[PDB]
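Work the whole structure out from these sequences, hints included.
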Amino acid sequence: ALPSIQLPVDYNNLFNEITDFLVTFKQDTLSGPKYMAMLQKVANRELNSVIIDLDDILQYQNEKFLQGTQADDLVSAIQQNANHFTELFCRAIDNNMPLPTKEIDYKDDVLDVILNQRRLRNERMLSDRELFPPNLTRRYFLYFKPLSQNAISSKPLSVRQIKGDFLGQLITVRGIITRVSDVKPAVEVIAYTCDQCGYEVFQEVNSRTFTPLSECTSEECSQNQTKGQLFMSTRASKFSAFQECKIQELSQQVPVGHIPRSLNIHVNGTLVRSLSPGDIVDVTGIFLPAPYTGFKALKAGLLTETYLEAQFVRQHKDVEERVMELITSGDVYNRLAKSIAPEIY
Amino acid sequence: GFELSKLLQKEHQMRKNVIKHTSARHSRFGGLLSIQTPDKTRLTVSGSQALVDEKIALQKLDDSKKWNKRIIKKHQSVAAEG
Amino acid sequence: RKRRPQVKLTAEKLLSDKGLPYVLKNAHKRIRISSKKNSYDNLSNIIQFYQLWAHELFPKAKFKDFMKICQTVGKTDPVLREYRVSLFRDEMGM
Ligand SMILES: [Zn+2]
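Protein chains in written order, with the entry's author numbering: chain 7, 4 to 34, 60 to 157, 190 to 210, 219 to 385, 396 to 423; chain I, 332 to 413; chain J, 46 to 139.
It should be emphasised that the hints constitute simulated quantities derived from the structure, not laboratory data.
No residue lacks a Cβ here, since even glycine has one placed at the ideal position from N, Cα and C.
Accuracy of the hints is not assured; some may be wrong.
What the hints assert, rightly or not - Below are the DSS-like pairs computed for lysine-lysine, each with C-alpha atoms no more than 25 Å apart in a straight line: (1) 400 (chain I) - 81 (chain J); (2) 82 (chain J) - 396 (chain I); (3) 107 (chain J) - 58 (chain J); (4) 367 (chain 7) - 231 (chain 7); (5) 109 (chain J) - 351 (chain I).
Said to hold, decoys possible - Pair by pair, the computed Cβ-Cβ distance ranges are: (6) 128 (chain 7) - 101 (chain J): 35 to 45 Å; (7) 88 (chain J) - 140 (chain 7): 34 to 44 Å; (8) 50 (chain J) - 405 (chain I): 50 to 60 Å.
Next comes the structure, spelled out in structure tokens:
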């Protein structure tokens, strides 16, 4: 049914490498660990975007080589499968979350009050005279930045050069964005409340569709086996700013006699709304497939679409002293007339 | 018409007592209330009229259950005789 | 295949800490009958504490159904009967 194979990549050693890199690395080339300072700013609610740079990881493993030890080629493991490594980095950040150093403003956070009441539930029920998904408590959106000037993610590719072998890998594309949709909320954790037992349940979303829960699966609700009806709450649900846009192949990249192809780019979190229509941009993102559900997946079969989950977006595109230099040049009218369109006389 | 006017007055009073319980806003206007006993617990009810008064909220918590006890019936065996 | 018995109001359920000892501990503290209040508020205050006790004890049944199953268990279970005579005997002993 499901035969097993062996691969020469160890996730436990790579997780140890990540959790040592988060507390070890510091960038002194510009002139305490800087990523720990960024996670401290996350704990102080200063910033919502965490950008892991692969050039920093390559310099960290080069520094490990300078110390004499050898790494497990972490940046190649990021470039091969970035989707699992996103959650791995999120769990590494959650394992090394700093304590807040400022005012918490506890009245604004409803999920803190809910989890406080659930810990009260857990201590009361287990007094005897994971509780929450990790994406619910995450207030940070993780992104990746590719290596440069140091290697497939460094090399920019056209839309036509992206093939089926590039699924799962961090790729970089050059293109003009044709259509940008409106900013829409996409769910990640749905909270259901039981009207009888007074408990909650969280259901995680990792697909384009999801099904709701009708009855509560709580221990107290099922011990007396009352059939309490679950009610969806949007207040305690986890949301993300999702936007789908279409990127087009540049006409210089199109071969002679072909029609350019379009690719779907999905942006989530704090990277939303930076994309603009008619803008030539570089997009580095995780190239993931988009599977169907139900009858469409049964009829289309193995033939599956794809999309791009963007991680980093790069735009391709004294003044008064130059204005005074143009003044002292003299004849601004004739110079600005004859300088414009130099092919005519 | 005299008895009709009295029946409409009785119906008006009963309709007023019914629309006391009726929510002023619409159905999708979601209001969630967490009640606690002095034994510390959280029970959630969904309503707008039940937000303010305790008795309507407790009547909701009684009415939200979908388990009904058996009530045995005589099945009206008088109709079996002629 | 016997998978599960559906739960009913039992003798071990009334004799727990959350049950009739809860009633003896907190009913005189919670229940207040006053002549200044009208009879609707007094009767609803009588119903309210017992309804919260029923929703903590046996939440599967409705409250009138809860009183019916308490009547059935009080007619049936002998442990509940000797507990009920033990309460009366303990209070007349003092
Ligand atoms: Zn429940």
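Structure-based check of each hint:
no. : hint                                      : verdict
1   : 400 (chain I) - 81 (chain J)              : violated, 37 Å
2   : 82 (chain J) - 396 (chain I)              : violated, 31 Å
3   : 107 (chain J) - 58 (chain J)              : holds, 17 Å
4   : 367 (chain 7) - 231 (chain 7)             : holds, 23 Å
5   : 109 (chain J) - 351 (chain I)             : holds, 24 Å
6   : 128 (chain 7) - 101 (chain J): 35 to 45 Å : holds, 37 Å
7   : 88 (chain J) - 140 (chain 7): 34 to 44 Å  : holds, 41 Å
8   : 50 (chain J) - 405 (chain I): 50 to 60 Å  : violated, 30 Å
Figure legend: structure checked against the earlier numbered hints; hints not met, in rising order: 1, 2 and 8.
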